Every structure is written in structure tokens, then in C-alpha cells.
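Trainee: Take a look at the letters that make up each chain.
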Amino acid sequence: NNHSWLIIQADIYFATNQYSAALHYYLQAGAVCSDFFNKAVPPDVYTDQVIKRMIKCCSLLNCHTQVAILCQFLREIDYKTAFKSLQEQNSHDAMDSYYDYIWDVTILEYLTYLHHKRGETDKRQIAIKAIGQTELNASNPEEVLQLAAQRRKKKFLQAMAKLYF
Amino acid sequence: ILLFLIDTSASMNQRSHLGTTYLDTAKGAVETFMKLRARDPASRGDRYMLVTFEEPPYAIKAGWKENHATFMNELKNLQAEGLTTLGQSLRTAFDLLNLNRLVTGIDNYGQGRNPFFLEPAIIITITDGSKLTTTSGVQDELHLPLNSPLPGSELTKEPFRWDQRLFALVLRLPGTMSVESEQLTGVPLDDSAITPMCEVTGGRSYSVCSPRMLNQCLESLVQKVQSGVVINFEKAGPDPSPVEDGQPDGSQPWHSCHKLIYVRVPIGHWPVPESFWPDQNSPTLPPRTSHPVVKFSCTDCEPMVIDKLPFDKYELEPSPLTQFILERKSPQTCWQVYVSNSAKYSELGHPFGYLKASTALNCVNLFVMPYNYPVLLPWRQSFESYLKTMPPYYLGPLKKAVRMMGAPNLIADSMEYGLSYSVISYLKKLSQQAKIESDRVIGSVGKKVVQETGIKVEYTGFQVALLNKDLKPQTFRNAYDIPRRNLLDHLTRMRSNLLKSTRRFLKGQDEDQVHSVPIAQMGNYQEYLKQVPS
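If you read the sequences in order, they're chains H and F.
Mapped onto the deposited numbering, the consecutive letters of the first sequence carry residue numbers 831 to 995.
Mapped onto the deposited numbering, the consecutive letters of the second sequence carry residue numbers 3 to 251, 257 to 271, 278 to 391, 408 to 486, 523 to 599.
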């Protein structure tokens, strides 16, 4: 029950080309600091470098939708790596089942464009239905978008914790 | 002419508080704008065009030689799917608006700049809030791409033209209640990347927040359509020499408003020639500017100008008239105006007009004068020496006015440049060919793109088919279109249809009708031996 030592272990595993164990220990540290991701993680435990290392681990793990979701935890959303990961066609992370965790209009717009370009109407309709939600509108007074973003963060982190270990 | 630019991008799928997406609200706003403009008895000559965020071959939906029916049909079936390519779409719209300009004579670039040859156009560019993408990331600069310039476009150096205004609608409708209704009569700005691009052209950018605000902005936009004469003013160089009734101290300096040149085509003379010194031998012509940089100087300088000079009434739209109203609208007095950037051989600006107001003190009349009026108005070998200060080509239009009195001039010195005439007909022919090629492939999409691209990860050439929307399976003609469930009943139906030997047989099982069922269209193909004489 120490987030610092778990982060150190995850960094050591990432240095030795061990990505699954790195993500395992990252989620473990996240569950140590915040109570099973029920609350917002502290800014010093999950810094920008930690999220970037998580993105690097999930990218080489054939999990591209997880990368696109993790690119929203940063202070500034890095759309370049998100669009680079979402362009691949060898994902192993149930692409059509993680669209509800995305609260960014830009990522959903890019997903809709990519599904329309490749002739994937089944997922394009899901993307449009996710865009047409009332929770995310890019015009709220920011008292509603933050709550939905935090709820989706909690749900995605709990799903990833149930996936690993 | 009105060119509606509706993005129809994937970011326009989010639902408003009313229950419809932003695309449906934009289409409804366009329809209400149509029904509002139809109230004014002047919508019998305008033409509507449509531009979406699609590929250059698919961006234009309805352009030239397209009636209102196909325009409404294309705007009806708009689908919001794609990225927000605002720059490429704006470039395509500006190129579409500038297809028939180098062929009719508008902006000839060799004989002055005639303001009475107008081609009005208003762009609405209804897009989303922000966060535009270009397939790589999210930009925040909105720079127009320059990849394939049109033949004859390097003489303006700007995409937009003399009369091309750009209004904007962002549609920032909240999702929960849109309860922001404090300011009743107030339409703020959007403050986005499109705001500078709109302000450069001469049109503002509205910020839609509520349906009431949408109706307000649409009712305020219909009153901003007229003849497009947009000129830019500058305070230089008089240091605010308005010491008439008070002391000066201002923001009404860089006025880039429009002017209403109402006809009595438009009738007028004495145009703004150019901004440079044209030489007799010049292979390359300097590029003109869409907005002329003309500056005014506050001097009385005998504002009473009465003569048989042909009169002009280019009405100026009141946008920065506060500086004039502060001085009691300058009663019985005016101030000269002059175009900068080497209007002559060796001098900085030449006064060629003034901005005298009317007797009613309502707006500015924009009295346009000849290149140098205070000398020719008041021959002892004087006109021959005076005609050397004016530009050469400028002797073209003024001589027509001399036709009212006599004809002392001739075609001896009526030559602009031996090199300016060359390389001009070829550019016009290329522009005409490009306009014809653009107007030809305007509605014929011919996508033919239905494949899954099965990757390996019959070889390297297989591709699974996709679901076709407008397939129209022939059940009676093709046997493969008959599923297994209703096979025996359909077999008996086909058997009875073939063994009936009726008249005008068909291969469709049940083809009721299309989406539209007109009464007059069906009643026309009939015969009724009756006239109701009683």
C-alpha cells in the first residue's frame, strides 16, 4: 500500500520492455492513492509522464482505443498520438465497446470520419449516437462536462483494473 | 447570389436541448432564412448555392445552372460525416464564386477598377464551435491552403474579391436548458478562429446561443444584403484634424464597411483606377488588392462642386458615422479623399474625391470625383499639358463624358501597355475551361465505393461487399434476391404472375410509389370529358 514504490516498480518494468506488468502496477498505484478510482487521482501520483508511459504501454500492447481514451487524462489532450493509434486496424481492446468512455467531441468526430471512410457503418452509427448525447455538448457551463468526464474516467479506470490483474 | 456553406461534419451530430442535432437546426435556420428573404420583393434574381465539407469533387452540391429544386433536394439529404476542413472548403467556395469573373469583364485589371460591375455574394459558413481538424491534429490558426492556384489569380493575391462578404454562425446551443436570456436586444460575437477571417472580408460573425437569439440574428442578417462596394478608410495622414466644433482624441479610423450602389446593371463612371504607377512596358503586372487602401484628409477645400459632370449616388452604409455626427455631419462642408501607394509617378496620394453628406444628414453620399477635379473644372495649350499627370488608361472613361460636349481626343495615345495585352486571352480561355469543367462535374457524384479491403495480416485482390442502401432487389427478375423464408409463397406468386398473361407486366413485387405523390402530376395523365359550364 504505497503508490511511490508501485510507480517505481512500474517504471522499472517499463524500462525492461514489460508493458503488461507496468500497466498492472500503474493501476495498483492508482488504486492505492485514490480508493479504487472512486475519487479523482492526485495530480502528483498520476502526472503527465505517468499517463504518457501508460499510453506507450497500451500502444505497443495492441490496445489503441485504450490509448485514445488515455490521451484525455492529460492536461492538454495530445490528438496526434490518438489519431495515430485509432488509425491502426489490429486492435485488441474491443473498439466498439469503449466508445462510451470518450467524452471528447474531437475524438468522436475523428472516429466517425474513420468509420465512414472505411465503410464501417455499424460502428459509425454507434459513434454518431455517442456524439448525440446530452451529457457532452461542448457548450455546457462546464459544471456538467466536468462531472461527466470524471464519471467516465472512474468507469474506464475501474474497467481497466478489472481487466488487468 | 447567396452561397450557403454548411459543413455537415461529424462534429455536427451532437444533440441540442430541443432534441435535434446542430445540422437539423442549421437546415431549419436556412429554410426560415429563405422564407424571410422571400418577403422582400427582390428575391426573383438571386441564386442559391450549397457548399459542404467534402472532397473537391464532392464539396459542391448545387452551383451554376442549378435551380431551386435541386438545391433544396441536396440540402435536404445532407449527412453530417467527416472532419472540419474549413480552409479547403472556404477556398473551394471562393474559387466557385470566381469562375465567371475573368470572362465577362469583371476585374479586368487593365482598365481601372469599375465599381458598377458588381457580383454580390454572401457566405454563411455555418460551422461548429471550435477544435477544427485536418486529419493530423487540431490546429488553431485557420490558414487557407495554396496548392493549385487558378490561372489568373496572382493579380489579386487574396482569395476573396471586391464584393464577397463572409458572415458566420457557430450555433453554440447548450444541451440542458439554454436558459441564458438576460440580454434581449444584444448579439455578441463568437470570438473564434473564423472571426478574423470574417472581419477581414467585411462581415461580422454571430454567436447563436438560443433559438430566440437565432431568430434575432436571422432577422438581422436579411437586412445586410445589397450591392457590394467595400472600401477601406484610414486616418492617415491628418492627425485627426477635425477641429471644427470640438477637440478630437479614436476607433473610427480603419472603417471597412460596404456601400450601396443602387442602380437606376449599375450605372456610373469615374472608377478608382489602381494603386501603383503603370509603365508603358511592364510584362508582369503588380497584384491588386480586394480592398482599396484609400485615405481621407479633413480639409474644406471648396466643397461646392457644381458642374455638368455626370452624377453618382453610391450610398455608403452607416457603420462609423459617429465621427461625422460628432461634427454636426459637417454641414455645407466636406473633406477630400485620396488613394495611397503611389497613385502617380512621383507623389504620395492624389485627392480624387470627397465624402460630402446629404442635406437630410442621413448617410454619406460618397461623391466620387475624377482623378484631379480642381484643375480641369476651372484652351491656350493647357489641357495638353494637364493630361500628363493622369494615368494613361484613365483617358478611356473620361473621354466618354467628353462625348457629351465634343470629341477633341482620338485613339493615338489610347494605349495602356504593349505587354499587358499579351498573356491575357490565354488566361481568360483557361479560366473559362476551368469553369466549364467545374460546372460539368457538379452533381454527378459516381462514388462507386463499396468494399471492406480484406487484409492478409484470389490473394491480395479480395474485398468483401458492403450494405447497399439503394439496391432495389428485383424479386421477379432475379432469383438470388429471394430469401429462404418467403420462398414458396413468392414462388407461387411469380408463377401466378407469369401465367396470368396480363398487360404491362413488371418485375417489382410491391413498388407503391416514391417519397413525393403530387396530385396535379397524377391528374395530368388522364382524360376528363367535362368542363362544368353551369
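If you are wondering where the hints come from, they were derived from the structure by calculation, not from laboratory data.
You may find that some hints are simply not true.
FRET-style restraints, in silico, Cβ to Cβ [what the hints assert, rightly or not]:
1. F/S183 / H/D841: 52 to 58 Å
2. H/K914 / F/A544: 29 to 35 Å
3. F/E246 / H/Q976: 41 to 47 Å
4. H/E973 / F/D535: 42 to 48 Å
5. F/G472 / H/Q976: 56 to 62 Å
6. H/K992 / F/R550: 52 to 58 Å
7. H/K914 / F/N217: 39 to 45 Å
8. F/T312 / H/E973: 57 to 63 Å
9. F/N533 / H/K869: 15 to 21 Å
10. F/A544 / H/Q976: 47 to 53 Å
11. F/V474 / H/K914: 26 to 32 Å
Listed below are the simulated BS3-like cross-link pairs for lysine-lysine, each with C-alpha atoms no more than 27 Å apart in a straight line [unchecked claim]:
12. H/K953 / H/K910
13. F/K476 / H/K953
14. H/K984 / F/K458
15. F/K357 / F/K458
16. F/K308 / H/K947
17. F/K78 / H/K953
18. F/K321 / F/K429
19. H/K983 / F/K476
20. F/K369 / F/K308
21. F/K572 / F/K537
22. H/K947 / F/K29
23. H/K947 / F/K133
24. H/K947 / F/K477
25. F/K308 / H/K959
For every residue, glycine included, the Cβ atom is placed at its ideal position computed from N, Cα and C.
Trainee: Against this structure, judge whether each hint is valid.
Mentor: Verification of the hints:
{"no.": "1", "hint": "F/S183 / H/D841: 52 to 58 Å", "result": "53 Å, holds"}
{"no.": "2", "hint": "H/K914 / F/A544: 29 to 35 Å", "result": "48 Å, violated"}
{"no.": "3", "hint": "F/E246 / H/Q976: 41 to 47 Å", "result": "57 Å, violated"}
{"no.": "4", "hint": "H/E973 / F/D535: 42 to 48 Å", "result": "46 Å, holds"}
{"no.": "5", "hint": "F/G472 / H/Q976: 56 to 62 Å", "result": "46 Å, violated"}
{"no.": "6", "hint": "H/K992 / F/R550: 52 to 58 Å", "result": "42 Å, violated"}
{"no.": "7", "hint": "H/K914 / F/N217: 39 to 45 Å", "result": "44 Å, holds"}
{"no.": "8", "hint": "F/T312 / H/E973: 57 to 63 Å", "result": "58 Å, holds"}
{"no.": "9", "hint": "F/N533 / H/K869: 15 to 21 Å", "result": "50 Å, violated"}
{"no.": "10", "hint": "F/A544 / H/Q976: 47 to 53 Å", "result": "60 Å, violated"}
{"no.": "11", "hint": "F/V474 / H/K914: 26 to 32 Å", "result": "31 Å, holds"}
{"no.": "12", "hint": "H/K953 / H/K910", "result": "22 Å, holds"}
{"no.": "13", "hint": "F/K476 / H/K953", "result": "21 Å, holds"}
{"no.": "14", "hint": "H/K984 / F/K458", "result": "64 Å, violated"}
{"no.": "15", "hint": "F/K357 / F/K458", "result": "33 Å, violated"}
{"no.": "16", "hint": "F/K308 / H/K947", "result": "52 Å, violated"}
{"no.": "17", "hint": "F/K78 / H/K953", "result": "24 Å, holds"}
{"no.": "18", "hint": "F/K321 / F/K429", "result": "13 Å, holds"}
{"no.": "19", "hint": "H/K983 / F/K476", "result": "40 Å, violated"}
{"no.": "20", "hint": "F/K369 / F/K308", "result": "15 Å, holds"}
{"no.": "21", "hint": "F/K572 / F/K537", "result": "11 Å, holds"}
{"no.": "22", "hint": "H/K947 / F/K29", "result": "24 Å, holds"}
{"no.": "23", "hint": "H/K947 / F/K133", "result": "20 Å, holds"}
{"no.": "24", "hint": "H/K947 / F/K477", "result": "13 Å, holds"}
{"no.": "25", "hint": "F/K308 / H/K959", "result": "55 Å, violated"}
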